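Undergrad: Here is how the chains run, residue by residue.
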Amino acid sequence: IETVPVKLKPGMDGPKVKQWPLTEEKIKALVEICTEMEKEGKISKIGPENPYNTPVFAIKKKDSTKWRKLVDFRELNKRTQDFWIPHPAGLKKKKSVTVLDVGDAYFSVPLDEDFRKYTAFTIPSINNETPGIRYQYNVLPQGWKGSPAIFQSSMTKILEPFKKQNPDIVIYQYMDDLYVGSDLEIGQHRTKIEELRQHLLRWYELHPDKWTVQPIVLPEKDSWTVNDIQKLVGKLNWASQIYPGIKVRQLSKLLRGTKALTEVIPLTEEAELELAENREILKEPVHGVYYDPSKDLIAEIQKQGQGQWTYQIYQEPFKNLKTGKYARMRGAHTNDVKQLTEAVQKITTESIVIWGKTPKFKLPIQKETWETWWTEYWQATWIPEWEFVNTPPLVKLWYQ
Amino acid sequence: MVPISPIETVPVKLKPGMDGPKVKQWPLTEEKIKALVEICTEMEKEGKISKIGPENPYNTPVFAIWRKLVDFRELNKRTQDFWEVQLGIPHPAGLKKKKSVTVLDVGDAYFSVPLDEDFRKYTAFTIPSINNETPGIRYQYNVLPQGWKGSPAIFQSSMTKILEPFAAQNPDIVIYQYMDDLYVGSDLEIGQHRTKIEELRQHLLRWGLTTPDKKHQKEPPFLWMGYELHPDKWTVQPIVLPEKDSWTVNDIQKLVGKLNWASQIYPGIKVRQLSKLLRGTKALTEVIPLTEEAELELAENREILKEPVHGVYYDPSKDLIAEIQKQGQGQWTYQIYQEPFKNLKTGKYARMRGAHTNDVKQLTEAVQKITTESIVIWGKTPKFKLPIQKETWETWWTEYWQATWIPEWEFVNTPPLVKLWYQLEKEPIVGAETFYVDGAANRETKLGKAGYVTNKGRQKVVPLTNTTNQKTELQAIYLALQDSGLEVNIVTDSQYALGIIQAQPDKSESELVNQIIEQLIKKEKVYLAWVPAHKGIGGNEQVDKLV
Ligand SMILES: C=CC(=O)N(C)c1cc(Oc2ccccc2OCCn2ccc(=O)[nH]c2=O)c(C)c2cc(C#N)ccc12
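Protein chains in written order, with the authors' numbering: chain B, 5 to 88, 94 to 212, 232 to 428; chain A, -1 to 63, 71 to 552.
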């Protein structure tokens, strides 16, 4: 009911990002949505004196047949002043966590006058026929980093009774999402979630406990071929960059000679001992692996085939903070890009739960393909940063 | 007098921290001064400008050619940024046929859009007096000046706001705005069409804007931005390939401009060689000889540009189809159409700059380009006809290390067909010879050695002059491919060579890589295994090639 002064970082102008082309159905959907929001005063039309722009597109969330308006506030977010809560380290330790969309609440708080011109967006026209319908926000917009910061006081006032009632439930807020962690039963968790949503009304099952870090495992065989031993030495030599005392000379001693790849080689006793010591070393965690809030999180994804994908979140090379294997099959058996996009969304969600920020992705995809199709399968309210790797990494099969 | 509705002004500011323009007035002849006094007197009598006292410290130079021309370049440098009047120009293939299309001149409305009151003082200009014996006449603009930075955007937004209710209450018509001309199309009867045109003239007159009752000089076919727009079709303005015995750099830039421009409707246009002659020249006047390939390409261009070809307009009720053909040397051509033999438009795609490539990657890129272009022009992705078997694409994307995807498509049997030329095995081959390869080079003398030893005792080491480590590793693999049977296992330590071959190219800049490709094509089964170097892995003989 009272606007809080918001400004930009010193020396930075407002965002001026090109609106990318949209299909006719998404354009019409945005026309209906923005017409309704204009009737509700949440947005207002602007004139040509507003040179700033932020991209916009339309998606469809899970279990819904209604379109939703998605704004790519990445540039405005990085250009918006830094607002100033320590991240809950217990949210990732909880048994279950539920994600709620509390974006509508932001629309009840007006936006600072002089800042509104920085939220300008354009509904594009097909074939550049019309100049495009230009809008700016009058309330807190969903996707902007200032919306949760400004609404934080009101959110604390709304969640104060529920927090005082259940001190065993951890509540976190990131962007337009509310993460509610507990240790109850799935039925009790769903009834409690309905309790919280009806509590918020009058004013996504996720289980981190079924998630752990993945160790480097070595094969257990009774007979080893030359190729088997070569791959084992390769993987151990790769792991020696992460683990110090990895030793491979007794296993490479077996490869002496020019033998056929499919020839079985019996392991000497020194080779068995070396391999056992290497197993023991790999069973231990990595030495000196810490998280630094001042550094960026990097996520790497490898396509393993048959709907399987591997990923690693780290900050320094060979110092993995998280590793995982997303192999879920959800209506994307014939589309690599949809699978990759869902994987990026899940990894970003896990990163939000663990560290409270999104990582920078290294995607195994050509820039043009990804930039052409990723919005067709996006369903989250946030968007991470990403880059593209064009050289096939050798370590792929070492995470398989 | 009928009350005229006022046009709301757009608040305009200068760039932050900057001040208005202050430029010295150009000295003018007596006749030019008289002409500018007459013109400015008439404009003042019409309300476009107003006289100002000496308190205004700003000034913009004025000229006459009469006709008054004001040089606002400094004020343009000092004026704020505006939203772009147009993000791009439409494409004729996106237009939808109309029974009637009328053109209305709203030029009289250009100088009838008021300027922001607080900004008018920055448009001040001075007419010099005769012999400069009196103070020059001081004027300022009250409407959007011609040549000012913000005039097109403010004019288009004002006209759009004016036309919004008329276009809303008349959905059965279509109104487009371009500069000082409106274009109104409809499928109504011609009488109803002229009626609604009169309604538009009245609605525009409710803001005091006058459309000429005179018949419009613009009539079909409309010539616009290198385009011919006819009542039922469109094409490019005629393209003439000149007959030149000697071709300079500017002649080839004009030829590749006419060919690139003509390629959007004329199918089969190629520009590889003619643009290749421009590689790293940076000299506009240099004459460059014409290669034989450029001569054959130019001849095929003259054969394609023999007789005129037209494109049809878009019909949203029919499906959108895009068909791709391979042309060689990284050249691809495509036609977008809805009915056979009747193209909406055509185009081409050239492969990107790369050391290695294959046809499937290029086809994928071309598909993405056509998809983006189609979403721009028609707002939907077309259904594709591609020269590639379904099983080929399935093998590729299922085995490719990168994520890839093309939208709905079907196979069309138009050679040359994109195919996978070789496929590496996933497991070692039983019964096949195992070639342990290696290569090495001296960094100073550039002397190296490449070779292999096999499980059957076969061996070879070849010495090489003027080579590198990477070159000797590739050469080693090539030797193993040369001297092996149809099925072969190959063991290397070169992360470089494995990185090249796992990218699956079918063509390369390096002749060595191309030779390796040609050897792989002849094989039945190839398994390529990698090992770490200098780890004492027997068979992998680093010392045999470092002698
Ligand atoms: C703002 C306009 C614009 O951007 N562009 C591309 C334009 C569209 C445009 O045509 C239509 C204007 C109204 C509705 C539909 C239009 O097209 C339908 C197809 N079409 C085309 C021609 C025809 O005779 N019959 C027909 O059915 C015309 C006639 C233009 C003419 C000039 C000139 N000088 C310049 C631009 C033009």
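Honestly, I wouldn't trust all of these hints.
[Stated by the list, open to error] Cut-off 30 Å, straight-line C-alpha distance, at most; resulting in silico cross-link-like pairs (DSSO-like, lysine-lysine):
1. 424/A <-> 49/B
2. 512/A <-> 49/B
3. 70/B <-> 311/A
4. 82/B <-> 82/A
5. 126/A <-> 49/B
6. 154/A <-> 66/B
7. 11/A <-> 424/B
8. 73/A <-> 366/B
9. 311/A <-> 281/A
10. 390/A <-> 32/B
11. 66/B <-> 13/A
12. 126/A <-> 20/B
13. 22/B <-> 13/A
14. 388/A <-> 259/B
15. 13/A <-> 126/B
16. 424/B <-> 104/A
17. 424/B <-> 101/A
18. 249/B <-> 154/A
19. 82/A <-> 154/A
20. 465/A <-> 259/B
21. 104/B <-> 385/B
22. 512/A <-> 126/B
23. 11/B <-> 13/A
24. 13/B <-> 13/A
25. 104/A <-> 32/B
26. 424/B <-> 20/B
27. 323/A <-> 281/A
28. 73/A <-> 49/B
29. 476/A <-> 281/B
30. 366/B <-> 126/A
31. 395/B <-> 30/A
32. 512/A <-> 390/B
33. 374/B <-> 385/A
34. 65/B <-> 388/A
35. 166/A <-> 281/B
36. 73/A <-> 11/A
37. 281/A <-> 395/B
38. 238/B <-> 366/B
Simulated from the structure, these hints should not be mistaken for lab results.
Undergrad: Evaluate each hint against the coordinates.
TA: Hint by hint, here is what the structure shows:
1. Our distance criterion of 30 Å between C-alpha atoms is broken by residue 424/A and residue 49/B, whose separation comes to about 52 Å.
2. A threshold of 30 Å between alpha carbons decides the hint, and for residue 512/A with residue 49/B the separation of about 53 Å lies outside it, so the pair is violated.
3. Simply put, residue 70/B and residue 311/A have alpha-carbon atoms about 53 Å apart, too far for the 30 Å limit, and the pair is violated.
4. For the given pair, residue 82/B sits about 28 Å from residue 82/A by alpha-carbon distance, which is consistent with the 30 Å threshold.
5. Pair hint residue 126/A plus residue 49/B holds up; C-alpha atoms about 28 Å apart against a cutoff of 30 Å.
6. For the hint linking residue 154/A to residue 66/B, the alpha-carbon distance of about 47 Å lies beyond 30 Å, and the restraint is violated.
7. In summary, the hint linking residue 11/A to residue 424/B is not supported, as the alpha carbons are separated by about 56 Å, beyond the 30 Å threshold.
8. Taking the CA atoms of residue 73/A and residue 366/B, the gap is near 60 Å; set against the 30 Å cutoff, the hint is violated.
9. Taken as a hint, the residue 311/A and residue 281/A pair is honoured in the structure, with Cα atoms around 24 Å apart against an allowance of 30 Å.
10. A threshold of 30 Å between alpha carbons decides the hint, and for residue 390/A with residue 32/B the separation of about 28 Å falls inside it, so the pair holds.
11. Note on residue 66/B and residue 13/A: the hinted pairing is violated, with a Cα-Cα distance of about 45 Å set against a maximum of 30 Å.
12. In summary, the hint linking residue 126/A to residue 20/B is supported, as the alpha carbons are separated by about 29 Å, within the 30 Å threshold.
13. The suggested pairing of residue 22/B with residue 13/A holds, with an alpha-carbon distance near 21 Å, which does not exceed 30 Å.
14. With a C-alpha separation of about 44 Å, the suggested pairing of residue 388/A with residue 259/B is violated against the 30 Å cut-off.
15. Taking the CA atoms of residue 13/A and residue 126/B, the gap is near 16 Å; set against the 30 Å cutoff, the hint holds.
16. Straight-line distance between C-alpha atoms of residue 424/B and residue 104/A comes to about 61 Å, which puts the hinted pair past the 30 Å bound.
17. The straight-line distance between the Cα atoms of residue 424/B and residue 101/A is roughly 51 Å, outside the 30 Å bound, and the hint therefore fails.
18. In summary, the hint linking residue 249/B to residue 154/A is not supported, as the alpha carbons are separated by about 76 Å, beyond the 30 Å threshold.
19. Our distance criterion of 30 Å between C-alpha atoms is met by residue 82/A and residue 154/A, whose separation comes to about 8 Å.
20. Taking the CA atoms of residue 465/A and residue 259/B, the gap is about 25 Å. The hint holds against a cut of 30 Å.
21. The suggested pairing of residue 104/B with residue 385/B holds, with an alpha-carbon distance near 21 Å, which does not exceed 30 Å.
22. Our distance criterion of 30 Å between C-alpha atoms is broken by residue 512/A and residue 126/B, whose separation comes to about 51 Å.
23. As the CA atoms of residue 11/B and residue 13/A are separated by approximately 18 Å, the hinted pair is consistent with the 30 Å bound.
24. A hinted pair counts as satisfied when its Cα atoms are at most 30 Å apart, and residue 13/B with residue 13/A qualifies at roughly 18 Å.
25. Between residue 104/A and residue 32/B the CA atoms are separated by roughly 26 Å; this keeps the pair inside 30 Å, and the hint holds.
26. Distance hint between residue 424/B and residue 20/B is unfulfilled; the C-alpha atoms sit about 38 Å from each other, more than 30 Å.
27. In summary, the hint linking residue 323/A to residue 281/A is not supported, as the alpha carbons are separated by about 40 Å, beyond the 30 Å threshold.
28. Of the pairs offered as hints, the one joining residue 73/A and residue 49/B is violated, with about 36 Å between alpha carbons and a cut-off of 30 Å exceeded.
29. With a C-alpha separation of about 29 Å, the suggested pairing of residue 476/A with residue 281/B holds against the 30 Å cut-off.
30. Note on residue 366/B and residue 126/A: the hinted pairing is violated, with a Cα-Cα distance of about 57 Å set against a maximum of 30 Å.
31. Note on residue 395/B and residue 30/A: the hinted pairing is violated, with a Cα-Cα distance of about 59 Å set against a maximum of 30 Å.
32. With a CA separation close to 27 Å, the supplied pair residue 512/A and residue 390/B stays within the 30 Å bound.
33. Our distance criterion of 30 Å between C-alpha atoms is met by residue 374/B and residue 385/A, whose separation comes to about 29 Å.
34. Between the alpha carbons of residue 65/B and residue 388/A the distance comes to roughly 26 Å, so the proposed pair stays at or under 30 Å and holds.
35. As the CA atoms of residue 166/A and residue 281/B are separated by approximately 82 Å, the hinted pair breaks the 30 Å bound.
36. Under the criterion of a C-alpha separation no larger than 30 Å, the hint pairing residue 73/A with residue 11/A is consistent with the structure, at around 25 Å.
37. Of the supplied pair hints, the one linking residue 281/A and residue 395/B holds, its CA atoms being roughly 26 Å apart against a limit of 30 Å.
38. Distance restraint check for residue 238/B and residue 366/B: the Cα-Cα separation of roughly 24 Å lies within the 30 Å cut-off, and the hinted pair is therefore satisfied.
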